[PDB]
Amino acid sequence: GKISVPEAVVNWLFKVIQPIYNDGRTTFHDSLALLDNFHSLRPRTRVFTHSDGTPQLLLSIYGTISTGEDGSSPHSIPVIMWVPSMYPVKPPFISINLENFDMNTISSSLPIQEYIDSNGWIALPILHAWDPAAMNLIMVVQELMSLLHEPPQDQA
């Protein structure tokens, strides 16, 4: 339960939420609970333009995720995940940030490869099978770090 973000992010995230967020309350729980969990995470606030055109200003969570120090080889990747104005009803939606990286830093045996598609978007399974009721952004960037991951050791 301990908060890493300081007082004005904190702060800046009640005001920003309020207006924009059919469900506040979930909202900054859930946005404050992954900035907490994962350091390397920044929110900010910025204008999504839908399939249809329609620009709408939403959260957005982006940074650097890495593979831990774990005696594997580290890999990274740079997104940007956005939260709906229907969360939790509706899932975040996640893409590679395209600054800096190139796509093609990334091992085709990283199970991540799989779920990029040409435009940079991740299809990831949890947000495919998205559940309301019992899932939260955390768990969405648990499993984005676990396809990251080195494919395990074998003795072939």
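Positions refer to the first chain, counted from 1. Here, rigid core means the biggest group of C-alpha atoms that superpose within 1.5 Å across both forms. Compared with the form deposited in another entry:
- The comparison between these two forms, aligned on the rigid core, picks out a single residue among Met103, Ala33, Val89, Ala123 whose CA moves by 2 Å or more, and that residue is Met103.
- Relative to the superposed rigid core, the position of the CA of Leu58 differs between these two forms by less than 2 Å.
- Positional change of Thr45 between these two forms stays under 2 Å at the C-alpha, relative to the superposed core.
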The other form holds:
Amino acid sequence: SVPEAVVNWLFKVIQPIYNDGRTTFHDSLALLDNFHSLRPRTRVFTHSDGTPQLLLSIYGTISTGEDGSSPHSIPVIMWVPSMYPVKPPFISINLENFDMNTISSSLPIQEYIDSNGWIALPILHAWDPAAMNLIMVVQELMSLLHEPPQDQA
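Output the structure of the form deposited in another entry; the preceding block shows the form deposited in one PDB entry.
We keep it simple here and write out only the one chain, dropping partners and molecules.
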């Protein structure tokens, strides 16, 4: 389980920041419970126009579906916007820790990444606030570390 001290800190830090604190709290905790390789922190986000904003961020690694001598995970940083779930999370690669020399360019990461390190996902282009959550975003991210199955005829 998520440690008690972290649960209570999460509730406290969310209240003053989030338009929908109940949803942000629940969904953040569900993400942490389902992905033990992720953990929370608060950080000042710098918006494009310069505006700073204190936000909850969830960071760690997600699975490549490989192990042994193969790369096992990719480091990521998610930011939960203050209007969540009306606005979806921002997702980035942790660039400083990205294993450029081992992770295969065969992973379609380059398809989805911008020059600033942000990841676009199809779920973000079909975002449905009432019916989606943070877990779904991470599950999709995991699926997009792989090229689709092809027509084999």
